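All protein chains of the complex are present and in place, except for one that has been dropped.
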Amino acid sequence: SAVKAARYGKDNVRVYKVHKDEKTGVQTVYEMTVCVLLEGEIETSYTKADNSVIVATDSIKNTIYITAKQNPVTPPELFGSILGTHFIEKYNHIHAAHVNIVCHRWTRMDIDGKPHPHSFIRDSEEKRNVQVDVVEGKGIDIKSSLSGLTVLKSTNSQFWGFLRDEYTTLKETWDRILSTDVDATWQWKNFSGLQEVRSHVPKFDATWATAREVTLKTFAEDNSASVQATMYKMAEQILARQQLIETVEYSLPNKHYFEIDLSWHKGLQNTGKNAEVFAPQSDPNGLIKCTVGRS
Amino acid sequence: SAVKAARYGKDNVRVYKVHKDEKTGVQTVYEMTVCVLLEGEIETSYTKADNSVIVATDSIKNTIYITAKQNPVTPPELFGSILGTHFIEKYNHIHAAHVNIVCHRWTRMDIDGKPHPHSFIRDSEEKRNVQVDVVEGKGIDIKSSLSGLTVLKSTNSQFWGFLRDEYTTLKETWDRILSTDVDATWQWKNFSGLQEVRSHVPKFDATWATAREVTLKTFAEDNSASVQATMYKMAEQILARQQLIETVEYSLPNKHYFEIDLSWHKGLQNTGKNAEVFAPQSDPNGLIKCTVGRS
Amino acid sequence: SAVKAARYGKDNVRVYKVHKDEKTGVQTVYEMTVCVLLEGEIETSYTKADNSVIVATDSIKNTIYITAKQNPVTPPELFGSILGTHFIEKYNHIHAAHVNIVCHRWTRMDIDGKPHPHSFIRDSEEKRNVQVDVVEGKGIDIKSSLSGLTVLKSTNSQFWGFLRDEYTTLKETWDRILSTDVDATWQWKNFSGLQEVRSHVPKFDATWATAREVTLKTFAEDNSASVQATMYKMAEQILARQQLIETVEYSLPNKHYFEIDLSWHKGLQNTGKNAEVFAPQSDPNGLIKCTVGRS
Partner (left out) sequence: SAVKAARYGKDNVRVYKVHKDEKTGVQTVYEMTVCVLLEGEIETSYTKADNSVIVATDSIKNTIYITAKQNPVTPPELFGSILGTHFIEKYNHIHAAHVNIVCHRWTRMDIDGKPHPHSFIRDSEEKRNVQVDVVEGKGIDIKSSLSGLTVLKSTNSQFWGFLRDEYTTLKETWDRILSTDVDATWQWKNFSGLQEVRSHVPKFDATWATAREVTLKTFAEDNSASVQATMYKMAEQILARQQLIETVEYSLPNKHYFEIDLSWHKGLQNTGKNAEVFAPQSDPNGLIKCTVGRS
């Protein structure tokens, strides 16, 4: 037998950082969960019980805190690239670092129509994520995403004209509820190293904001022919607005809300045009994915 | 042996309702999870296998949908009171209904600075809840709550002057992070029946909004001496603003963020005045409760 | 305004203890999650920012570890009683301690038909719990429970003869699936103090084992007329086998498995006597409770 692939590291490292403006008194907080996995010339730890090649996962944890102390933690694309580069440069035998960051929302509170200097609210479990792969001699690959963005529209969604055969019971519809949890990932062109990532720093927050805005507007305004068709429109627009993105991937559940026929009870009308009360279905759910790239 | 207490019913009944304004085109959605448990002269179903006394839990489910079709579902205090009253009036042998409602957020989207007519976002997992106990001959008891409101302040929290003995290692502090998930419940004076609940309908949404506003403002502005002291201030203010409330209860975790001493690494300073990077602790957590009533 | 009730303490304190037999080499592990909440003359911490009355929750955490070091942690009824008594005796102004313990399963592994001396498996998320209320001058109240015991029977469950009215769609049945998650609590007679709890130590594990055995056997063997009827049989038997128990409470979800009519597809028969494939329902669920005491 032989080791074909190996990676190891520390997962679920929770980190909080505060920035304090001494001039204005304003404080800004960041909170993340970080995972770092390393690869390189480490086979002997598996095959020969040779621990000399192991950077302890505990040390990886310490390194995350030290790096956060000495560097900006935002945008997360930059912090991830700094952290990954550290490992491949510091250790001769480590040749790849894989850094995953989940950013948690701490939104500044408005109290009496004024932004508060040091108080924050978690407005939704929506996350902003990065995956950064730093590979020695091959640069830095960054995938940025948003996830956990949960939306619903109560009309202006249709689904008709699908394949009908002996397995089909679904009725065609011209008016249904559409609800999903959005997972959207944009993959950046490969960067040569940290200097190049630094050169593009302003594009990271701007592209996240664009991806979010395009997703929300398209969902709200499209008279949707299917999840497939609406999601493609979203992806097309993001690619048009940021030339440094190579691909956009969406993964969308279709969270079903069923009509409830109440006609058995005193002829109560609650279907089609008369539908007011629906039963949200926890499971099963449709799952629709697509990756869109350039011609 | 004897049956000392019994209740039974249906839990986790998900309900969605849409309201459509034909004049303006504007749609408004409501989504809830409902639980209804009944009590009354039902001992024989347990002791003698006498099912004749059982209103099937499946029928309770049907009743929830029918009631939602024929009545407003907002404010939830009213809907809960309608639903509970139905069971005690319809069935001679049922003498109490216990209705729990969890309301999920569907907040209207703003697209280009304008409210969208039929598109919604789940902004946070904060819930608005009601517990309604309808007891034949004893009226209607309503507890209203908000839960899952997660906040953090990065300064203006202190904790010093506590008891120190041979079990104590905690250092006194004049500047710490304070973060909690707010669970706040206000208990209404007993109502004689549905007519009285209906007479107070406007107070329910207004009191929820007040409870939320008082909680956020007090948390943000108090130079907190402890969770105990800040929470009492919140409760006192709610009782002052709504005379129909008898008690206010808060249950608050203290979600700890620990300093990380980095001095072992090149004398890096990250404690006290120099603290920037902290480690959020998943567990354990402080838990602080209080119920405040009138003199 | 006035403080009507208050309690505070530490929740989610994870504890592991190992016992090592030097003679045999055999090791035994215990793992628990502990919550301790205190009450007493502490109103001034809320109303006057008087921290002098506060035993810090951090100190409560330390006390749990110290107590576990110096005392047996099994049975949990005993450990809980020791821990609660400590607080009311040590602090003059603390008059009640409320101790909740959840015990996690670590079952010794069998390797080649022999019990292994130091290796363990988590066989199910079933828990054994205690709630211990130690109140100065009023003794020790103990509720013991098992929870998270998930069972299913594929036949020998019936449900017919229930109330039928204009809200009823449920068909009577003489053969259905019955599945539940068992939550069963037995409440001990009040104990005068620690000496009395110690005198009954052997009864705690034996009564837990009896409660579990009675639950499983009755579920498996009863040709069930309803959840109500089967659960009563369980409770009656536990009360008969342990005279020091005052009441037994069961709380049981009815986790529904629905028939799937496939007759629309080539006349495939999958209902009634021909039912083979079913759809487990995540929600809603029946919820049936009962508390059984002595005549």
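So that you can tell them apart, the chains are marked A, B and C in the order they are listed, and the count of residues begins at 1 in each.
The rule is simple: contacts are C-beta pairs under 8 Å (C-beta built on N, C-alpha and C of every residue); 3 or more make two chains touch, one makes a residue touch a chain.
In the complete complex, the hidden chain is touched by one of A:6, A:201, A:206 or A:244, namely A:6.
Chain B meets the missing chain through residues 166-167, 169, 264-266, 282-283.
Residue positions on chain A in contact with the hidden chain: 1-14, 35, 37, 42, 45-47, 49-59, 61-63, 66, 91, 159-163, 165, 167-170, 225-226, 228-229, 231-232, 235-236, 239-240, 247, 249, 253-254, 283-295, in rising order. Touch with the hidden chain on the side of chain C covers residues 14-19, 27, 29, 31, 62, 65-66, 68-70, 106, 109, 111-112, 116, 118-125, 149-156, 177, 216-217, 219-221, 257, 260, 262, 265, 268, 270, 275-280, 282.
Going forward, only the chains that are shown with their structure count from here on.
Residue numbers of chain A whose C-beta contacts span two or more other chains: 265, 282.
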